[PDB]
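*Asks:* So the chains spell out like this:
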Amino acid sequence: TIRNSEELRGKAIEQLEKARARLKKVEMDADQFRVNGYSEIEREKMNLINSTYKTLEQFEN
Amino acid sequence: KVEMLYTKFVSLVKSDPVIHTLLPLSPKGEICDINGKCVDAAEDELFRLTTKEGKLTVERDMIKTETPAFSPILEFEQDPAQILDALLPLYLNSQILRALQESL
Amino acid sequence: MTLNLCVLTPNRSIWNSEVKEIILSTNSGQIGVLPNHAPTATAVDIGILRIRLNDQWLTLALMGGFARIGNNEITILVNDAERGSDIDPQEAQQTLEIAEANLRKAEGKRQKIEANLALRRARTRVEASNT
Amino acid sequence: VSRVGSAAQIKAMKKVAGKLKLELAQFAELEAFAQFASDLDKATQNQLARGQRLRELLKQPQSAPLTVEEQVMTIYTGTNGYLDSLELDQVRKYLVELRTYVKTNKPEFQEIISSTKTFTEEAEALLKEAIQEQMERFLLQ
Amino acid sequence: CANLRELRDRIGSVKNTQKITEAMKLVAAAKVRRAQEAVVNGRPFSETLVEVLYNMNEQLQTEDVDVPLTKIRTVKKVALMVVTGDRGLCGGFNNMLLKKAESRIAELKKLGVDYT
Amino acid sequence: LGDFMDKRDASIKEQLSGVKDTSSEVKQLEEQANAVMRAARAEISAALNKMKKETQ
Amino acid sequence: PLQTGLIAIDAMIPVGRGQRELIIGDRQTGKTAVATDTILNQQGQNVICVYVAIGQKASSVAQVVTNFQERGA
Ligand SMILES: Nc1ncnc2c1ncn2[C@@H]1O[C@H](COP(=O)(O)OP(=O)(O)OP(=O)(O)O)[C@@H](O)[C@H]1O
Numbered sequence: 063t064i065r066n067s068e069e070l071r072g073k074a075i076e077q078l079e080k081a082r083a084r085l086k087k088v089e090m091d092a093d094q095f096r097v098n099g100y101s102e103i104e105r106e107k108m109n110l111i112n113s114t115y116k117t118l119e120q121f122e123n
Numbered sequence: 209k210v211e212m213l214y215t216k217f218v219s220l221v222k223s224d225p226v227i228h229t230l231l232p233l234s235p236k237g238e239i240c241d242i243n244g245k246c247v248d249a250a251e252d253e254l255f256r257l258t259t260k261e262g263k264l265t266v267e268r269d270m271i272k273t274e275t276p277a278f279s280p281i282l283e284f285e286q287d288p289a290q291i292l293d294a295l296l297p298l299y300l301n302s303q304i305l306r307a308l309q310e311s312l
Numbered sequence: 001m002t003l004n005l006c007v008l009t010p011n012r013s014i015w016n017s018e019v020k021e022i023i024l025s026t027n028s029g030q031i032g033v034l035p036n037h038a039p040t041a042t043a044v045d046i047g048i049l050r051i052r053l054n055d056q057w058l059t060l061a062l063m064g065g066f067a068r069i070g071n072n073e074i075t076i077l078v079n080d081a082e083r084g085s086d087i088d089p090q091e092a093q094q095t096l097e098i099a100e101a102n103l104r105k106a107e108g109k110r111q112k113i114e115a116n117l118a119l120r121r122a123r124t125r126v127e128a129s130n131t
Numbered sequence: 364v365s366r367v368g369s370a371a372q373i374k375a376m377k378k379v380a381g382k383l384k385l386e387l388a389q390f391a392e393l394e395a396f397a398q399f400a401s402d403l404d405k406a407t408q409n410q411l412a413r414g415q416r417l418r419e420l421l422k423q424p425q426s427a428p429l430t431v432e433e434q435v436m437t438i439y440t441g442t443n444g445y446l447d448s449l450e451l452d453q454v455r456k457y458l459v460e461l462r463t464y465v466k467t468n469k470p471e472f473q474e475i476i477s478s479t480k481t482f483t484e485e486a487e488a489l490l491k492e493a494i495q496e497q498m499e500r501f502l503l504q
Numbered sequence: 041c042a043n044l045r046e047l048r049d050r051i052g053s054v055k056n057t058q059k060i061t062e063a064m065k066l067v068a069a070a071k072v073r074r075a076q077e078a079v080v081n082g083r084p085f086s087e088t089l090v091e092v093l094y095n096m097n098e099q100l101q102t103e104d105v106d107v108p109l110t111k112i113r114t115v116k117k118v119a120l121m122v123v124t125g126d127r128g129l130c131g132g133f134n135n136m137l138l139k140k141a142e143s144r145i146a147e148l149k150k151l152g153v154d155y156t
Numbered sequence: 112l113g114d115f116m117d118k119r120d121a122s123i124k125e126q127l128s129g130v131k132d133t134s135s136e137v138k139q140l141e142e143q144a145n146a147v148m149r150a151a152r153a154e155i156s157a158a159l160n161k162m163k164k165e166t167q
Numbered sequence: 146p147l148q149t150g151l152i153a154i155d156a157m158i159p160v161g162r163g164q165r166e167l168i169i170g171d172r173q174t175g176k177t178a179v180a181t182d183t184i185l186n187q188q189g190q191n192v193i194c195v196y197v198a199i200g201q202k203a204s205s206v207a208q209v210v211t212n213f214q215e216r217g218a
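Protein chains in written order, with PDB author numbering: chain Z, 63 to 123; chain D, 209 to 312; chain A, 1 to 131; chain B, 364 to 504; chain S, 41 to 156; chain F, 112 to 167; chain X, 146 to 218.
Among these hints, one or two may not hold up.
Claimed, not checked - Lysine-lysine pairs mimicking PhoX-like chemistry, simulated, CA-CA at most 25 Å apart:
(1) S:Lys-59 <-> D:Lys-216
(2) D:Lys-209 <-> S:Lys-140
(3) D:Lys-236 <-> S:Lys-111
(4) D:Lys-245 <-> S:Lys-149
(5) D:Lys-236 <-> S:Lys-116
(6) F:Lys-118 <-> Z:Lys-73
(7) F:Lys-131 <-> Z:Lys-86
To be verified - A short list of chain S residues far from chain B (calculated; beta carbon distances all over 12 Å):
(8) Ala-63
(9) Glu-91
(10) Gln-99
(11) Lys-116
(12) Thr-124
Derived by calculation from the structure, the hints in this document are not laboratory data. The beta carbon of each residue, even a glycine, is placed where N, CA and C say it ideally should be.
Construct the entire structure; sequences and hints are all you get.
*Replies:* Have a look at this one:
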């Protein structure tokens, strides 16, 4: 009782709540994963328009 | 008189399907045939696939398992009858699985 | 502290290891066996082979067989054995209920032995939830 | 066949195309066993499965140009087993996403392969770590 | 060219057939070897079993009032059974086995056994 | 003494209840674990696909 | 070597600068497609990829020239 009631309770709570904290950390890195593609794929519109603007400039020539 | 038709594995070219009696079991253990090549038990056939000069072929092994007749004392926890009634279904199952394995 | 244990079966050799105790269940007795035992020859049938290795009391349920269980070199010629935790709990309980479904069928004296063996399959299966 | 052989390719290709050619030879020989491989031994099974993935590695879209660096890592991924866990279908998607991720987030591989033109150990380790991280994010799907 | 092209088709199909039946030959050889290995696995058990059965019949001199599996006292209703293989083209297997089956069931209906 | 003994037994039960709360919340959070990245990333990705279609 | 952009014809069987490999095959299989893949990959490099079309219809050559234009090669 004396050994196991602490040897399986407290560390389990610690890993359990640190698992929620690590979930919050990797969720924050997922909030960064928003930026990881979002600021560029908001531009990808003007990217696929302006890259072909040069071929349209060859069309103007 | 539950006899079975399992196709024993004599040769690679053609293996003739033999007919053996199964369930009466001949309580000395000897599983016997259709009366004319009937087999004594513990004289077992174990087929082995080795290549001849060059080809694939099967060669039998008629290995005879030596039997230490009895343990020095050989106590029974059961009666002499119950032990056989619980043992011969086991040998029946073993022979059925062998007649599936060699047939396959 | 143990014996040479060889639980065999038709197409396999289930569990060849060394264990402190052997509590195989025959019809007339659940004979506990442990080192240096005198040579007995049990007709072990349906029931659990509860063994107590010093790590834990891992149980295996065997459908039937025989055991020339002698001086630390035993050969339990088991018909059908499922070792340790290879059996699964909820499927075992549903299998017990299906064994009840096979228990109430029919036919005089011909099929009642299969009914018995289905009941005893369920007795083999109760080991799973107890494991 | 090509009469030139490995006298044309770069050192990275001279390394990895050897294993690719050998594995495609073995897979093409074992191609009849594919539909009949029923629990055959692990060597045949894994080699044939990697060949079944290798042909999917080979098939590439219309008008898609794969420059030397990207196809190098693609052949390596296909031949050394770092796509064996995925099924047959997902090899294509996983490899396109891996090529994107690598060519956009490990520009040192570009420096090595385009510059030193050999598959040296630093490039091998960089590619290994990149493929591993991409397999983790592809398990995360 | 509808003359040479048909023969090219037959050449390709016969070559692919040769490849496929060679694969089936090697697969069947591996299957025979793994069944032989299963028999070799099962042989220790059967060895100790045909030793233990001799042991039991050596203790008791077939003195027994038991064993329903040795009710040998008539030939009333034989139950012949056939173990057959489940594959296609099966060599010349199925015809041989069920031919022996038909011969023996005819010879059993000679005796009036109602063979199941 | 009956109170003290059932206090022992209920203390065993309470550490078991703490381990059970742990085992349940582990399942809940580990379900959340990949699901949060899936939600955010796939919500960006499919919306990107549709916005990219209408802008093509 | 001369990268075509294809793993098949760049790993199994190379094409080096100077070696005159041959794209044979059944009609409608991708010969013009593998040739187009080679000329389209050959952008980062410096090669002057002269593509001569003999007896192809005018409209297919229009499709190929506008494909080259769309890809910038
Ligand atoms: N990687 C690919 N993905 C999808 N389609 C492809 C691919 N490669 C080739 N194709 C198909 O190949 C066709 C064009 O091939 P190609 O023009 O070489 O055929 P062809 O008739 O032999 O040419 P030609 O008319 O010059 O003889 C297209 O219809 C295209 O669909």
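*Asks:* Given the hinted pair S:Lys-59 and D:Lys-216, is their Cα-Cα distance within 25 Å?
*Replies:* This hinted pair is violated, its Cα atoms lying about 30 Å apart.
*Asks:* When you look at the beta carbon of S:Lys-116, is every beta carbon of chain B farther off than 12 Å?
*Replies:* Answer for S:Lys-116: holds, closest chain B Cβ roughly 43 Å.
*Asks:* Would you check the hint for F:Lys-118 and Z:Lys-73, treating anything up to 25 Å between C-alpha atoms as holding?
*Replies:* holds (23 Å)
*Asks:* Quickly compare the C-alpha distance for D:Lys-236 and S:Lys-111 to 25 Å and report which way the hint goes.
*Replies:* With Cα atoms ~14 Å apart, D:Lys-236 and S:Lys-111 stay inside 25 Å; holds.
*Asks:* Would you assess whether S:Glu-91, listed as outside the interface, keeps its beta-carbon beyond 12 Å of every beta-carbon in chain B?
*Replies:* holds (33 Å)
*Asks:* With the threshold set at 25 Å, check whether the alpha-carbon distance from D:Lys-209 to S:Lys-140 stays at or below it.
*Replies:* Status holds; Cα separation ~17 Å.
*Asks:* Are D:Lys-245 and S:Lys-149 close enough, with their CA atoms no more than 25 Å apart?
*Replies:* Holds, because 24 Å separates the two Cα atoms, which is no more than 25 Å.
*Asks:* In terms of Cβ atoms, is chain B entirely out of 12 Å range of S:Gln-99?
*Replies:* holds (44 Å)
*Asks:* Between F:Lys-131 and Z:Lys-86, does the CA-CA distance stay at or below 25 Å?
*Replies:* Status holds; Cα separation ~22 Å.
*Asks:* Please work out if D:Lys-236 and S:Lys-116 have their alpha carbons no farther apart than 25 Å.
*Replies:* Holds - the C-alpha atoms of S:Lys-116 and D:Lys-236 are around 23 Å apart, at most 25 Å.
*Asks:* Would the non-interface assignment of S:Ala-63 survive a Cβ cutoff of 12 Å against chain B?
*Replies:* For S:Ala-63, whose nearest Cβ neighbour in chain B is about 4 Å away, the distance does not exceed 12 Å, so it is violated.
*Asks:* Checking a non-interface call: every C-beta of chain B should be farther than 12 Å from the C-beta of S:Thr-124. Is that right?
*Replies:* holds (19 Å)
In this structure, the earlier hints numbered 1, 8 are contradicted, and the remaining ones agree with it.
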